[PDB]
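What follows is one chain in structure tokens, specifically the form deposited in one PDB entry.
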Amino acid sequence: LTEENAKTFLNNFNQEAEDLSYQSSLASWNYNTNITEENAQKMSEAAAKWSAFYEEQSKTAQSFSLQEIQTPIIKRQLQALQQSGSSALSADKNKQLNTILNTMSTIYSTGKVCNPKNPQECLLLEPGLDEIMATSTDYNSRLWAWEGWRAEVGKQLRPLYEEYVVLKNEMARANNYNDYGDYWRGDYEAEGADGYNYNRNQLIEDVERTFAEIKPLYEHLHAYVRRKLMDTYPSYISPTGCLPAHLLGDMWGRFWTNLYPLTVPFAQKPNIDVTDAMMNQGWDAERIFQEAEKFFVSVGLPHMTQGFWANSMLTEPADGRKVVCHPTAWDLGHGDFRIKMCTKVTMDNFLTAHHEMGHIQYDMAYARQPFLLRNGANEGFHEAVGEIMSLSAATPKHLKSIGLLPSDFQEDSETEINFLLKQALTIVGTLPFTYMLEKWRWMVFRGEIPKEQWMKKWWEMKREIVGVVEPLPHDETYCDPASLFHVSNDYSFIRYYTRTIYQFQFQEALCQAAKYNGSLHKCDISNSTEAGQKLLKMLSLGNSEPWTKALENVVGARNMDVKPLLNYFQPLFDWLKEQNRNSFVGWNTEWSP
């Protein structure tokens, strides 16, 4: 019978897969912690063998017909295996698409804008132009850097994106999807028992529904940021207009977190930095990860493995080998969980250690699942369950409990307001950018935006949704979205929006589980086993169940809710309402200086 054949096929696949996936992950780890040519080529052959095996098994798995499979775990495993992806095209089209992707990656990584009249002062984005976007206050220098990277990237990436859209549309329509946007929205599709059914076409309206009520908080934050930037830039920003695109602290305006020195509520009150306390008490990276482990065992989740301490790198090695600076949590398979992070003794690395160990705990919990179901419930869950640990680790209660912050520390309202504003610049400010970018990409892939009217549409929506105006008029020979890393390198972007919603939903559910009686931003889930069990019910699932069921297992709801997000930012929202009485909340679509 077909179901028993599928069961034996999956048994043969899990055994072969786990081994090849472990070899690929171990080779990737050996390259990432030891950069050389031989490790790179070993990683190349290991990934080649694993990918060839995966496509070979996926072609055989497509022979099974799902109409006669009754058990939903086998059906979900076969659904996961039958996703061909980019292999649905012919070899010529797949090779052309890979060529376009590789040339986009190597032209984004080697993007170059150079000083006019000063030809020796040529600046790359990664070492020097990001410093100009993050720190510089001069209007003309930021206008230079923004317009120059827009020109020397958009002009070179517009035709590449023109055939990239067509090839991705062909790949998606070869996989029974309407467009490439529907292919990306298929990550949120959940087929399961009654009431847990989620559809791709539902997701857009859900996102729009969740953007219907984040909009007043974003409008008040935008008005406050606009007034403070008007204080910084006297005549270049209008009171009733949108913000200029190059004054937002990042290259693209994705995060507003670099506007915090310019937009600080109370400059006299310092931040909650405890780096000097770590320096005085002689903390090192081992103690940072031990404190994170103490937090995760206090909440009820299991201890770190001995292989975690033995095999991970938690420090710059400094013995002659090059490493990647980015922190990454690795689930190699066969019970091997590692963290690659060059941990310096700072508060940010302390929170990052909590975040990556949250990723490792999420990976450890679903190890009991079969190999194809050892993933997150959707793309947002995996990063949300690390962001909640980063949220709880940064509270003054947690810092006073572990001795980093003094026992007699006073939490006045001003430090809560400026902490909430910094969190808002990081978290709330990225939501209209994420929603507008994903909406533009979805409408481009759908064909709702005409091919020759791309740019004119994009700068309308940034004037409408994000409330950010272009500094200079751009015609259709520019490709202004493509200057971002995620869109030039074929990455889904709605995961950050869903991550942001799920993060505060999980945090409110855990704080209600831990019986916290105060404001949500002061909440700590330490020493609460019931919150850990409530979390671990979802963490043990993986993607074995629909993501709506896992979401109901944590928060008791089957969809995205932004009432926890507004509840988190409620003191800040009241403060922003209190200081926007005289000013005008909102923006005007027409270009105001």
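Numbering follows the first chain given and starts at 1. Superpose the two forms; the largest set of C-alphas matching within 1.5 Å is the rigid core. What changes on going to the form deposited in another entry:
Among the candidates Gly518, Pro317, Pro116, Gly85, displacement between these two forms reaches 2 angstroms at the C-alpha for one position only, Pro116 (superposition on the rigid core).
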Contents of the next structure:
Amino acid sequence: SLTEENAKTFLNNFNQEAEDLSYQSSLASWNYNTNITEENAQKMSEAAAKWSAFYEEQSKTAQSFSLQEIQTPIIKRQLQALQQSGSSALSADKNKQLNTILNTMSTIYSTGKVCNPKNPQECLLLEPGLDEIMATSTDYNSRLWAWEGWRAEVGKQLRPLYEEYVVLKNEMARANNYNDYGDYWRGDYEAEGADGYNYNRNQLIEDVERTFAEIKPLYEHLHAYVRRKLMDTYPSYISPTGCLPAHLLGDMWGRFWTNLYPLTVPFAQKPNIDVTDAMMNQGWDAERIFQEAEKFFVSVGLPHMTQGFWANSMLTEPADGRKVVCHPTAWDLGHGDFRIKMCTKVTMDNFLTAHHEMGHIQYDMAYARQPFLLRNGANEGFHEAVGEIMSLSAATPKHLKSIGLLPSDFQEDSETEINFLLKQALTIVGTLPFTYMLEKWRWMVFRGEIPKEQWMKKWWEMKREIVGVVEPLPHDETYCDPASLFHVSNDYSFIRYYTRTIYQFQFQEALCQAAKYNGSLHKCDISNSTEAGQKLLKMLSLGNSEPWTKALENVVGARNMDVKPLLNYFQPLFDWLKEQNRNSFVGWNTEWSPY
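Please supply the corresponding structure for the form deposited in another entry (the preceding block corresponds to the form deposited in one PDB entry).
Shown next is a single chain and nothing more.
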């Protein structure tokens, strides 16, 4: 009769057909990613085309119901989730222009080689043959050559394309009652309708600057330690007061400092125990790795794995005849179907990847009671933060000594703890300033605070003052350095990696205080604890039916990002850095330059 009953019937008729069309496309995508041939790639196209056509046809009609006479929150949330047409607000021609512009940057980033000032018959592309120079090569005049040649060849043609990509995306978002495209990406954290749990959009800015301003001393100490450790291999190219060069890090862009461990190590005589040489002398398999991971989740209060999982999942590489994309993923086909595609080897890195991949299955298996529009995570950082604590718990020496992998003779030591905390330091704390700086630059560019003739003028001073990284060679206003990243040449939000880290430690501290633990945070696990693990299942049952500020309150108790489990996780490391950074200068100045 009224708008409420009409909307209820409309949503029922939608959910009836949507959950059957969204199954054939996912099944075709699975069959293609597992048995890629000349026919599966063509069969995967029509299913997705029909699904997209149905989705647009249903979203174009789900707009006559005014969202003003709706008093129930569930129907209102489903209508709000169905009213986001995305890029369907642009015109007919502008759509094709934006489609052909985005593909050009993608094929430019995919292809493209580099030439050296030496004999030029060696043409290197982004194939792992090139990034090895930026990962394991220590000799100078090669890392700098590669770093300059990358932004020299493929960085020049991405400038005339990004200038139109910015103005085109600013018009697509202007039709969705937004301000710009930077405000469009910030809308995922918009939670409306609650008693006190209301979260505004713009607050997302004020909550990040307040958060990054608290990990500045720890990052400064780590940066000073890395700078002092790098002066033993490059004595004449590093200044003990200035910043670090843009190259010479452990990555092509400096996003992850993980490749600096063989150089920046506290104690080199320590073995850094590995359980890889423990399944050879006793006998393991790819099924035993996924069986010891299932036993982990049933000792906490989580359901078993369905019979269709062990029969339809690809847990190893095929023998012959087939070919796979070789990427561990967890597929939620729908209709009660859950699979995992991952080529598993008998190692330690694959033993911890099974837990991270099953952390997504236990999340998908748990919100399946939602009307097909609330079957997601709270926000973009909630889904990937659940799989991180499962790998954090399964890597402790306590969990490895309770399954038969580590003998009951070696307990712990103060040196291996520091060796482990530093390797984890240059994987989490080393990427937060980079992520913050990149997202801030992209937001200011999409807004308008940075003119078109000031991009590579404010891109580098921020990297000098925020990240503490200087450029080796000057870059005039014809380059495009951020566009060299994969997440910038293709439309991808980069802030999802900043919050996911914080949520990673807010969940771990709240789930380790429900198992009666008193030691260090980096030594606790949620195994054999039903209480610590039943509070998590309460949050993993809402999807996006409730505001993310309320689902976070059910597991940790707080309504916002309050990051000081991270300062408690790296407590034995932050105290060891202050004892070493004594006869040095903690900090940098944005005035020095190598050349």
